[PDB]
Structures are given as structure tokens and as C-alpha cells.
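Peer 1: This is what each chain is made of:
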Amino acid sequence: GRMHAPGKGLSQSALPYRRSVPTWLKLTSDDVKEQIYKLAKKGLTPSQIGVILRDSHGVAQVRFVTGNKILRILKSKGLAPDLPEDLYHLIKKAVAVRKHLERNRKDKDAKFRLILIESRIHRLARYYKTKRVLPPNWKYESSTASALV
Amino acid sequence: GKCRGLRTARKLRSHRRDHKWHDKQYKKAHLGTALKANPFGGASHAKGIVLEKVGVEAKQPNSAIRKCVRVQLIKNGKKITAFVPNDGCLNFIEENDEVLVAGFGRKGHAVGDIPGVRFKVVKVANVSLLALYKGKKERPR
Amino acid sequence: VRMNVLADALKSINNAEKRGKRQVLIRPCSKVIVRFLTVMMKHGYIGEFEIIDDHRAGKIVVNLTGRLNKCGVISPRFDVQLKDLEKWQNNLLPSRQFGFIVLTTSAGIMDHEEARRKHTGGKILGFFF
RNA sequence: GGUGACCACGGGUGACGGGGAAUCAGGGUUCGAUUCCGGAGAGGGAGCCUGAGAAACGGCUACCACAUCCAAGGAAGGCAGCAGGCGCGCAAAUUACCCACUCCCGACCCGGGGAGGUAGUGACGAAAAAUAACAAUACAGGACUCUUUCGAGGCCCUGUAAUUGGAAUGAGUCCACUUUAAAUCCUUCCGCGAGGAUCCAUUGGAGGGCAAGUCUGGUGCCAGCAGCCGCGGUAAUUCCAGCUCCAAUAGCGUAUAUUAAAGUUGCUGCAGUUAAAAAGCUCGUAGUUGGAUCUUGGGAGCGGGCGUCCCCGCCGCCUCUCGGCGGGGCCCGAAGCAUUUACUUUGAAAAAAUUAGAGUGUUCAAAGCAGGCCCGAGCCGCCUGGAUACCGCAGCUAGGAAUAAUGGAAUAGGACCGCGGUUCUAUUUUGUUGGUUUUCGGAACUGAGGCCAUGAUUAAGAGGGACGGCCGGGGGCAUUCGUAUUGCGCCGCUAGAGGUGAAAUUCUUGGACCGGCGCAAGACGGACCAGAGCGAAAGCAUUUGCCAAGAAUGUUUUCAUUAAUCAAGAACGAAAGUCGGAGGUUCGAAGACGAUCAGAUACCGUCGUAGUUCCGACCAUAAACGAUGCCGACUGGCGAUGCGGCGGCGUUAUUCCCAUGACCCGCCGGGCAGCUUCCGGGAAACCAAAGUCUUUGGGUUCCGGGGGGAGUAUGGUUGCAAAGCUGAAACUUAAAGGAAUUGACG
RNA sequence: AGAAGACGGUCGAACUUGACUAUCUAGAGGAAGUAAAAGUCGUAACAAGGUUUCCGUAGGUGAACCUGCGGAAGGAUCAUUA
Ligand SMILES: [Mg+2]
Ligand SMILES: [Mg+2]
Ligand SMILES: [Mg+2]
Ligand SMILES: [Mg+2]
Ligand SMILES: [Mg+2]
Ligand SMILES: [Mg+2]
Ligand SMILES: [Mg+2]
Ligand SMILES: [Mg+2]
Ligand SMILES: [Mg+2]
Ligand SMILES: [Mg+2]
Ligand SMILES: [Mg+2]
Ligand SMILES: [Mg+2]
Ligand SMILES: [Mg+2]
Ligand SMILES: [Mg+2]
Ligand SMILES: [Mg+2]
Ligand SMILES: [Mg+2]
Ligand SMILES: [Mg+2]
Ligand SMILES: [Mg+2]
Ligand SMILES: [Mg+2]
Ligand SMILES: [Mg+2]
Ligand SMILES: [Mg+2]
Ligand SMILES: [Mg+2]
Ligand SMILES: [Mg+2]
Ligand SMILES: [Mg+2]
Ligand SMILES: [Mg+2]
Ligand SMILES: [Mg+2]
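Residue numbers (the authors' numbering), protein chains in the order written: chain SN, 2 to 150; chain SX, 2 to 142; chain SW, 2 to 130.
It is worth saying that the hints were derived from the structure and are not from the lab.
Among the hints, erroneous ones may be present.
The list that follows gives simulated cross-link-like pairs (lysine-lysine, BS3-like), each with its CA atoms no further than 30 angstroms apart [as the list claims (entries may be wrong)]:
hint, chain 1, residue 1, chain 2, residue 2
1, SN, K9, SW, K43
2, SX, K68, SX, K79
3, SX, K3, SW, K19
4, SX, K138, SX, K76
5, SX, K21, SX, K108
6, SW, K88, SN, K9
7, SW, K84, SN, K9
8, SN, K78, SN, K100
9, SW, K124, SN, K9
10, SX, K54, SX, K3
11, SX, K3, SW, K12
12, SW, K32, SX, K3
13, SW, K88, SW, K124
14, SX, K138, SX, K29
15, SW, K84, SW, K119
16, SW, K32, SN, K132
Some chain SW residues flagged as far from chain SX (calculated, every beta-carbon gap over 10 angstroms) [what the hints assert, rightly or not]:
hint, residue
17, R68
18, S76
19, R78
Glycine included, each C-beta is placed from N, C-alpha and C at the ideal position.
Could you build all of it, start to finish, from the sequences and the hints given here?
Peer 2: Below, the structure written as C-alpha cells:
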């Protein structure tokens with residue numbers, strides 16, 4: 002029921018049986034990989050691309066259209082970010098909590114939401130150390146964090 | 002609930018270990034105290050010298066005087082009251098006479114009335130009250 | 002969380018047959034589920050179950066009959082060494098006259114009778130009777 | 001440098017280690033100084049000779065620790081060999097006889113052996129097993145038969161007696177023999193050896209638990225009884241006695257250690273609303289625990305019940321680069337090796353005794369391991385044993401691959417004489433030995449090609465992460481307002497008012513109280529306000545701004561096992577409390593008076609300090625309470641509501657519609673809640689959950705084991721201190737307690 | 001060959017003084033508990049226990065105790081009638 006909160010909710014995405022492309026679609030495995038390509042270039046996260054591609058554009062799921070999933074398309078060409086998008090969203094968040102804690106030293110609430118956030122960082126980190134996308138050294142540091150965003 | 006897992010043989014052993022210093026019947030037996038405290042140094046009976054005869058007043062609901070002996074044990078020099086069982090037997094025992102005192106059956110509890118008397122006399126000058134109060138063996142002289 | 006997908010399922014197919022429910026679905030599904038349910042099919046303990054193939058995990062839908070008093074699951078799969086098999090089937094089944102400890106040996110998943118014919122031990126899963 | 005909470009290191013032991021023991025439905029629990037194995041020490045240590053072999057104690061050297069004789073110069077001491085004594089002690093044998101058995105040392109058939117055997121002592125303990133039987137009477141009865149019954153025939157019986165009666169035997173004693181070494185003991189037997197008054201069964205009980213007398217004497221809350229429940233105060237089923245009976249009974253009692261009993265230590269397998277009990281809350285390292293997902297259907301046959309349905313050997317792969325059972329095969333020899341285990345099954349190895357248990361007239365049995373036989377002994381000798389199973393874990397071997405981990409290709413690599421460049425270096429070969437250079441064989445390195453359907457399982461009604469529109473007394477920081485409140489300023493009028501089961505201290509014509517208008521300071525945010533809202537729990541409400549943060553829903557957004565709970569370790573934690581500081585609106589411990597009361601150092605009054613108010617540090621606890629751990633699964637209804645979404649049928653409005661927005665009617669997710677019920681629970685109260693529990697185990701955290709003593713003492717630690725945290729025992733104690741019932745008194 | 005002897009060194013009992021820890025105890029006088037169970041002074045609690053009760057904290061008091069503040073209902077109200 003979530004990692005760090007009471008709320009035991011469920012709201013998630015859900016795909017069909019069918020996987021084969023849905024025939025509206027023109028494009029083809031190339032023209033999608035041409036487009037993911039240009040969006041990442043412009044500066045968007047692997048999530049954020051998947052977004053643009055569905056609402057405005059056409060692709061239910063990149064994964065089905067092309068062979069592989071978005072990250073692999075960026076990574077095998079070298080547009081992938083330094084660290085995982087998923088993580089620096091937490092780091093960027095932490096640094097934001099840090100900031101106003103450093104002006105407002107009363108906020109007891111912010112002093113989970115930091116501690117929790119710190120803990121959801123470390124936790125993440127130490128698979129990225131076993132799945133080896135991060136080198137076995139990198140570590141948080143409060144000071145060096147603000148830079149890392 | 003319980004830990005239930007499969008490489009949990011210790012969390013279990015070590016659980017069922019300490020949750021015996023909350024048993025009462027083992028903390029007598031395995032701690033130390035008992036051997037240290039009971040004048041009967043872990044020993045079934047013990048010999049001691051009758052230093053005086055003392056009547057004890059029984060616990061309220063039953064009025065009566067119980068007829069016991071202050072003993073001093075040889076091995077310790079630890080003192081004692083021992084209720085001399087069966088009628089008119091205090092009459093036998095004189096001062097300074099060597100008695101073999103055994104327990105009461107409650108092992109530490111005082112028995113029934115006789116408030117705070119764990120021990121009962123058996124022998125007297127190598128005789129045995131059972132023989133005297135039956136009139137089989139007489140008093141030695 | 003979902004640790005053991007039997008206990009999950011078997012609770013919900015004991016726990017229907019009490020209510021007299023005609024049939025039930027079991028949410029997570031597995032190979033081990035199928036393979037241990039097909040054992041229950043032979044001695045009659047259930048009827049024909051029809052596994053849905055949601056693309057991910059699986060669902061099953063079990064035709065029940067009246068016949069299952071209880072099925073349960075021994076949760077850690079202790080390793081049963083054939084000499085113990087008796088001592089278990091003493092204290093885990095209502096009689097020596099029926100009752101089936103499903104377990105999982107060298108030669109597949111099967112009841113205790115079939116591990117005894119082949120003379121193998123292995124890991125206890127559960128029991129229905 | 002090495003070890004450590006997978007708990008070291010430190011301390012303790014009523015600890016020489018195993019082999020086993022008694023207990024025991026299965027699982028354990030304690031004991032194993034105990035004859036078998038293994039270790040150690042000869043008062044204690046150290047060092048020593050000597051010795052293959054010893055740091056040897058029936059050697060010695062001191063010392064220490066012990067102790068003997070003395071001619072006072074000196075000398076000799078080691079039972080934890082056997083006997084014995086002393087002391088200790090609840091608690092344990094004879095200065096016995098002997099090498100005859102089994103064995104050992106010697107130069108050895110020949111001596112010696114307190115190793116050892118044999119006696120004695122010996123309710124440590126185990127086996128067997130007398131303490132009478134039987135006929136006829138006398139009777140005392142009761143199933144056939146006979147009798148309406150009373151009676152009788154009697155095959156049946158059984159009670160007591162007469163013992164009426166002889167028969168039978170042993171306990172003893174003791175001729176004799178065996179035994180043995182000589183005995184003894186046992187086995188053999190001559191001879192004597194049973195009418196109870198003997199050849200004499202006792203220990204506890206006789207209310208219940210618990211089998212057995214409101215039989216009879218005596219005492220009279222004494223004596224006394226009673227493991228617990230209890231009895232005893234003038235008829236005691238309870239004390240002391242008498243008679244009768246019961247249990248076991250040659251044994252039987254109490255002393256306590258310990259096991260079942262204990263579903264009261266709970267792995268199997270306890271408990272946590274109230275009974276003893278879930279941390280205040282949360283984070284979190286070790287530990288434990290962790291979704292799904294990967295060779296199959298099928299084939300070929302033999303065998304049970306034209307085909308169908310049970311039942312078996314087969315389709316571990318690779319190698320052949322390796323053996324060989326001038327070119328060979330054939331396949332075993334080697335290894336890729338079982339990815340790397342976990343798991344399972346088969347071997348082998350497991351000292352005997354013990355154990356389980358084959359075999360066996362020990363007269364049976366504990367035992368013993370022999371015995372059996374063949375034999376009239378002429379056989380001058382045959383025949384068989386001394387079975388077997390278990391023997392944890394680890395270790396070794398071999399099958400299997402059910403499940404659990406674990407592994408392999410992704411900034412490219414396996415193979416494919418695929419090809420070469422560079423280098424290396426082995427060795428066959430040039431009738432031999434050297435030199436040079438080759439060919440080739442094997443490494444190492446590395447240019448450049450071919451092929452490889454060439455590599456990513458999926459996304460969890462798991463999680464993590466993005467975005468969307470709301471949401472909310474969530475948190476901070478600013479800002480704004482409201483009243484009342486007391487304070488004061490002024491003005492008006494006037495004498496009482498506050499307080500009260502009644503009154504006074506009190507406030508007051510020095511004009512209080514009241515009325516009006518003004519300012520003041522600080523408080524707190526009324527109604528709206530709810531089984532309404534949010535947060536973690538403390539939690540959280542005047543307007544507006546800003547600052548982060550969050551649930552939920554929505555989502556053919558991305559990541560892809562990342563997760564749950566968690567010793568250890570952290571964050572926060574009313575009030576009260578404490579140091580600093582700011583402030584003093586009321587209320588108000590403390591404190592002062594008035595009453596009330598037998599008194600009130602209490603309540604009820606009138607004052608009022610700390611504090612309640614702020615900002616800064618600490619403290620770290622509640623009935624911190626839903627007296628309900630957290631995650632996860634499943635099982636019924638029915639109503640409501642907060643949020644989000646979705647759909648529809650409404651309309652008020654709102655405009656020409658719209659968009660809305662406001663109502664209505666549905667559905668959906670997740671929230672706070674309600675009722676109802678023979679799910680099912682539940683000692684009960686009760687509980688959609690406290691349900692899924694003898695039909696016992698989804699994961700995991702904490703924690704209780706009669707009540708007090710006691711949350712005490714002591715120790716440690718934190719704190720400025722209150723105190724916080726950790727946290728015993730002796731002793732005492734039989735219930736304390738919980739749920740419901742009648743009572744009965746408020 | 002070779003004794004008595006002597007210089008050195010090594011294991012080292014032993015002895016002397018410190019340290020630690022273990023265990024065990026002597027103690028003027030002080031304060032609890034329990035016994036236990038029938039003394040005095042009250043009467044705190046259970047009935048609306050005469051003042052709903054209880055927790056924590058604080059302060060007080062001859063004694064139960066009392067009073068603040070914040071709690072609790074384990075209440076003496078599952079409601080207060082838009
Ligand atoms: Mg967590
Ligand atoms: Mg000792
Ligand atoms: Mg000695
Ligand atoms: Mg020695
Ligand atoms: Mg020596
Ligand atoms: Mg000696
Ligand atoms: Mg003895
Ligand atoms: Mg001997
Ligand atoms: Mg015996
Ligand atoms: Mg006799
Ligand atoms: Mg009785
Ligand atoms: Mg026991
Ligand atoms: Mg049992
Ligand atoms: Mg219990
Ligand atoms: Mg709680
Ligand atoms: Mg308001
Ligand atoms: Mg902790
Ligand atoms: Mg506070
Ligand atoms: Mg304060
Ligand atoms: Mg201050
Ligand atoms: Mg007052
Ligand atoms: Mg507490
Ligand atoms: Mg419960
Ligand atoms: Mg259970
Ligand atoms: Mg207790
Ligand atoms: Mg209570």
C-alpha cells in the first residue's frame with residue numbers, strides 16, 4: 002500500500018490483450034524512432050516523450066511499434082541522460098525541500114518529506130549500484146546535490 | 002504473529018530462550034538464588050542442632066499453637082524453624098539434641114497453617130519420630 | 002505482499018467451498034497452481050478449471066463441486082525425507098483412509114501416494130482432504 | 001593487519017568430552033562425574049633425569065603448599081593402586097581369599113599381578129516368587145429340576161465355622177554329594193521339620209481429588225488434623241482411640257532434582273478489546289521474507305485392463321580435441337562438468353556395549369549366547385550359530401531435476417579450414433651434429449571480411465518514477481479582521497454589587513456598580529461545526545499573499561522486481577516540566593483571606609506567584625485510546641457521506657445556446673463513517689471484521705506467562721533536573737483478575 | 001677420561017608491591033516491603049461513594065489525599081429533538 006504513506010490506493014495504466022499495431026498508424030518503427038529522437042534532442046524525459054507521442058501524436062506504445070522501449074532507443078544512440086530520469090526527479094525534489102527548510106527552520110512537516118525523500122533516493126540508488134547503471138561510488142551529498150540537477 | 006520462516010531457526014531458538022527468564026519455575030532452577038538462599042543447600046534433608054522450642058500461632062481461620070523447633074544447621078550455621086509433626090512429639094525433643102530436618106512437600110512454600118515454616122523434623126538423636134510417637138524405639142540415654 | 006501464491010489461491014478455494022460457492026477465480030495464477038490443482042482434479046477434490054490468459058500473470062476459474070472440506074498450504078516448503086512422510090500424514094490429514102499431501106519431487110508435483118509408489122521424497126506444498 | 005552482533009570479545013557452569021538414560025501420542029527435556037571409547041591430573045606449579053616410547057609421580061629437585069623419626073648434628077613424607085581411618089558430611093563395603101578363569105611383562109610353559117576373579121557387606125536397583133490347598137460336614141447362600149408358595153432332588157455353587165479330616169509341600173535344620181582353589185553360594189538329596197494360641201505381612205489411608213464406614217470410645221478452635229480444598233468451639237463421617245474395609249502389597253512409606261502431565265515456553269504448537277499483553281508515532285542498516293514468466297505436448301514399442309484407457313524401457317547434452325575394448329573404424333578411456341549450488345533418491349563409511357530385534361525348555365525372566373544334534377557313547381562324531389535395522393549434522397559416492405536461489409550475448413559476441421598481418425615457441429623432418437632459414441604443430445597477439453530468422457518475456461488489481469485537473473481546519477512563513485476582556489481616557493446618572501445550600505474578604509457618594517463615547521494590551525478565533533475535513537502521532541479551523549509538501553482519482557505516460565517488515569541506528573512527539581530570552585489579555589498550582597464543616601491545611605467563596613501568551617534551547621511521557629502492529633490474500637447484506645473519476649434523464653438558473661456552475665439519477669476507484677444477519681468467529685461482552693485456528697503454519701515486526709514485592713533495589717546510560725531509558729532477587733502470597741447471573745443497596 | 005666447583009643464558013616455582021575483575025561476607029545507624037491477619041485518626045475508592053472516575057505531569061497537604069494544565073472514558077450521556 003505505497004512505500005511511504007498510508008494511502009493504499011490503485012490507479013494505474015492497463016493495456017489490452019492485443020499488441021499488434023492499430024492500423025491508424027502510419028509512421029513505422031523508423032518514423033517513431035525519428036521522432037523520439039527529435040524530442041529527446043530538444044530536452045525531454047523518457048516519460049515525457051511517451052506522453053507527447055500518445056496525446057497529440059499517435060503511438061499508444063512505442064514498445065509495440067518499434068522493437069524496444071524508449072530508453073533503449075535513446076541509450077543505444079547516446080541521447081540518454083547522465084543518471085536515471087526517475088532518480089533525479091527525487092534529487093531535484095530533495096533540493097527543493099532543502100531550500101525552503103534553509104529559510105524556514107520550523108517546518109516540521111518538510112523534515113519528513115526531506116527524510117522520506119532522502120530515503121526514497123538511497124533506496125533507489127542501491128539497486129542502480131547492483132544493476133550497475135551508476136558507478137559503485139556515487140553517493141548523495143546535500144552539498145553536491147544542488148549542482149547535480 | 003510468529004516468525005514462521007525457513008532460515009529462522011535462530012530468531013526462533015533465541016526467541017524461546019529469553020522467554021524463559023519470564024518463566025517462574027526455571028528462574029528458581031537455572032538462575033542461582035535458590036542454591037544460594039535455601040538453608041538446605043540443594044540438599045534433600047539436613048542435620049542441625051535444636052537451639053530452642055517455639056510455638057507458632059496458626060493463620061487466622063484456624064486457631065492453634067503449632068509446636069516447632071528453632072534449628073541451626075551444621076553445614077551453614079543457618080537458622081530455621083521446623084514444625085515437629087504429630088501430636089505430643091515436641092515433648093520428646095529436648096534442647097541441644099541433633100535433628101534430621103527434611104522439607105514439607107511444597108519445596109519452599111510454607112505448608113497450609115504454620116506461617117513461614119518450610120521444614121519438618123524427622124529424626125532426633127538417631128531415632129526417627131515415627132518410631133518414638135509409635136513407641137517402638139525409646140529415647141536413647 | 003504476495004509472498005506465496007498458493008496460500009493466496011488455496012485460501013480462496015477453501016474459502017468459497019465453505020460458502021457453497023459454485024465456482025471461483027484465483028487472481029494471481031501460476032504454474033505451481035495449475036500443477037497442484039490438476040492433482041486435486043484426479044481424486045475428485047474439484048471439477049474442471051479453465052485458466053484465463055490475461056497477458057500478464059494468469060487468472061483461473063475453478064469448478065468446485067461439494068467435495069472439498071479444506072485445502073491448505075504448509076508455508077515453508079519443508080523438505081520431506083520419506084521416513085518423515087508418515088509422521089506428517091499422521092498429523093496433517095484426518096485419517097489414513099483418504100487425504101492427500103500434495104508435494105513436489107524430482108519426478109514432478111504429485112500427491113503423497115504417488116511419491117510413495119515411485120519411492121521419492123521432496124518438498125511439501127500443502128494438503129487437501 | 002585478523003574477529004564482530006550469522007553476536008565476537010568479555011563473564012559465568014552444581015562442565016572432564018563422546019558413545020547412552022528416563023522420560024516419553026509425534027516434537028522435545030533434562031541427565032549423562034556411570035564399566036565402553038576419547039581427553040586430563042596425581043596437594044600445586046616448574047623443572048628435571050631417565051628412557052622408543054614419559055616432561056613419567058608406587059623417581060627425583062626445589063620452591064610453595066602438606067606432613068613423619070631425632071642422639072637437635074640431621075633424617076626420611078605423598079592412597080585421585082587395593083584394603084582401612086579421619087574429616088567432611090542428607091548421603092555410600094572387608095586390614096577377607098586367590099592366580100583356578102582373561103590377559104600382561106619378563107630372559108619366560110615355571111613368577112607376579114589388590115590388573116582381575118572369589119567370597120563378605122550391601123530394600124543403589126531388576127527377575128522369579130511361599131506366606132497355603134483340598135474332600136467331607138455343619139451350615140450360609142444362588143443359575144437346572146421339582147414346588148401356587150412353604151418345601152424338596154440335586155447335577156451347580158460359594159460364605160463362615162468344626163478343623164472333622166487326613167494329603168501336599170516348602171522356610172528351617174542337617175546325614176550325604178556337587179561346586180570351587182577351598183570353600184561358600186546355587187542345583188541333588190538321605191533324616192527330622194504345619195492344626196494356629198501357628199513357621200504370625202505393613203504402610204498409608206478411610207470427607208474429595210481418590211478405592212475405603214454421618215461404625216463405636218475420648219477431646220472439645222485444645223490438643224490437634226490437613227501436599228490443596230479443609231476439620232476441631234459438647235452427637236468430629238476431619239482430632240486421639242476401638243472395631244470393619246481398601247491399595248498396593250513383600251515391599252512399602254516421606255526428604256526432595258526432573259519428565260509427562262505443560263495446548264502453563266507452544267518448531268510442531270500458546271497468547272496480546274477487556275483477563276498478564278501492540279512501541280506515541282514514523283524513518284531505517286543487519287535478519288527474515290519476497291509475483292508471474294523458459295520442453296512441450298507429443299513419438300516408438302513391450303506389458304495390464306480395428307481401436308480408446310491404465311502401466312514400462314526410449315528419443316544428460318557435448319566431445320570423438322582425447323584412448324583403442326600406410327588409412328582405419330569401433331567406441332570406451334579424458335573433459336566441456338554435474339552454470340553454481342540448494343533439494344531429493346542409491347551406495348560406501350559408519351567401534352563394540354547400549355538400543356531396536358532375528359535365533360535359542362536360563363525349568364520361566366531379567367538374563368545367557370549358546371546350543372543343538374548325531375549318537376545305547378562304537379559318533380570313538382555330526383550340525384548350526386554368535387541374525388539384522390538405526391546410527392543426527394558435516395564429510396564421501398552415485399541417480400533425479402518437482403521447486404529456491406544463482407548464472408551466462410547489449411559501448412559485442414559465439415561459432416563458422418570463414419581469411420589474413422605481428423610475434424612466439426615446441427618439436428617431427430632434411431645417412432648424423434651445428435648454423436641459417438623454411439614447412440608445420442601449439443600458444444599469444446591482432447588487421448579484414450562471410451554467416452548467426454543474430455541478444456531486451458512482460459508489465460503486477462507489486463512497486464518505484466513522469467504528467468493532468470481538482471482536493472483537503474495537512475506544514476511553514478508573512479499579512480488581515482472580529483469580538484469580547486481587562487486596562488485606561490473622557491462624559492451621564494446615581495448608591496449599592498459580586499458573590500453566592502445563605503453570606504463576607506472584597507469592591508465602594510474619594511460615586512463604585514451601571515450607561516455613553518473614546519483609545520490599550522494581550523487572548524482567543526464563537527455560530528457556522530457535523531460519527532463533517534485533513535496529517536503520523538502527537539495532529540490540525542478569521543481574510544489575503546507567498547513558500548514548499550501530500551493523499552486519492554485520472555492516465556494503450558516512462559523504469560522494470562526495484563518490494564514487506566524490520567534488531568542496530570534516526571525524524572517528530574499535548575500537556576505538564578526546565579534553562580535562556582520576549583509579554584503580563586484572562587484563567588490560575590502555589591500562595592492570602594471569607595465561609596462550610598466536629599476539621600477542611602478540601603470542596604464553595606474572594607484575592608494571585610509560577611505558568612498559561614511569544615521567540616530560542618532541552619525533556620521525551622498519556623486512558624499518547626479504535627485500550628485492535630504493519631504489509632498481504634479471501635468471505636454477506638444493506639443503506640448514507642468526503643474526494644476524484646466516469647455515465648445518464650433531470651431541471652433552477654444562465655444567455656440564443658453553451659462552458660458551466662448549482663440540484664436529480666446511476667456506475668467506478670480508493671476515504672472517513674452507519675446499520676443488519678444463526679458467514680464465521682468469539683470466555684464473554686462483542687467483532688465485516690476480533691471472519692479464514694486441533695479443518696493448527698501468507699510475510700514479518702514487538703511482546704505476556706498467577707499476584708505483590710516492583711516498575712522497587714542495584715548496575716549502566718541520557719538529562720542542567722523532574723526524571724528518561726535499561727532493570728533483578730529474598731520474601732510473601734492463594735487466589736488476584738476477566739466476561740457475563742441472579743441478588744441487594746445507590 | 002674426568003669430579004668439585006665457578007662466569008654467562010633459558011624455562012621458571014616462589015616471594016614482594018601495585019591493577020583489574022569474580023565471588024563471598026563484617027558493620028554503628030537509616031528506610032521499605034511483607035507479615036498480618038483485631039491498635040488511633042480519619043474515610044480516599046466501589047452506588048451520582050456524597051467531589052464521574054482514572055493517566056502524565058506539576059505543585060501542594062497529618063492520610064487517604066487535594067489543586068492546576070493537558071488528557072481519559074474503563075460514564076453517570078452511542079440523542080437533544082431547525
Ligand atoms: Mg516501510
Ligand atoms: Mg563455584
Ligand atoms: Mg590427596
Ligand atoms: Mg602425567
Ligand atoms: Mg609431575
Ligand atoms: Mg599412591
Ligand atoms: Mg545411598
Ligand atoms: Mg577386586
Ligand atoms: Mg525389586
Ligand atoms: Mg510370612
Ligand atoms: Mg481422600
Ligand atoms: Mg515439565
Ligand atoms: Mg503434550
Ligand atoms: Mg497461556
Ligand atoms: Mg498504536
Ligand atoms: Mg469565526
Ligand atoms: Mg529501537
Ligand atoms: Mg509542551
Ligand atoms: Mg510550557
Ligand atoms: Mg521564561
Ligand atoms: Mg477558588
Ligand atoms: Mg509508555
Ligand atoms: Mg486476538
Ligand atoms: Mg496457530
Ligand atoms: Mg508473574
Ligand atoms: Mg482494569
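Peer 1: Please go over all the hints and tell whether each is borne out by the structure.
Peer 2: Against the structure, the hints:
no. : hint                : result
1   : SN:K9 with SW:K43   : violated, 40 angstroms
2   : SX:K68 with SX:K79  : holds, 20 angstroms
3   : SX:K3 with SW:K19   : holds, 27 angstroms
4   : SX:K138 with SX:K76 : holds, 28 angstroms
5   : SX:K21 with SX:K108 : holds, 21 angstroms
6   : SW:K88 with SN:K9   : violated, 43 angstroms
7   : SW:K84 with SN:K9   : violated, 47 angstroms
8   : SN:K78 with SN:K100 : violated, 36 angstroms
9   : SW:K124 with SN:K9  : violated, 35 angstroms
10  : SX:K54 with SX:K3   : violated, 57 angstroms
11  : SX:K3 with SW:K12   : holds, 19 angstroms
12  : SW:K32 with SX:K3   : holds, 29 angstroms
13  : SW:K88 with SW:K124 : holds, 15 angstroms
14  : SX:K138 with SX:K29 : violated, 39 angstroms
15  : SW:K84 with SW:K119 : holds, 14 angstroms
16  : SW:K32 with SN:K132 : holds, 28 angstroms
17  : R68                 : holds, 30 angstroms
18  : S76                 : violated, 7 angstroms
19  : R78                 : violated, 8 angstroms
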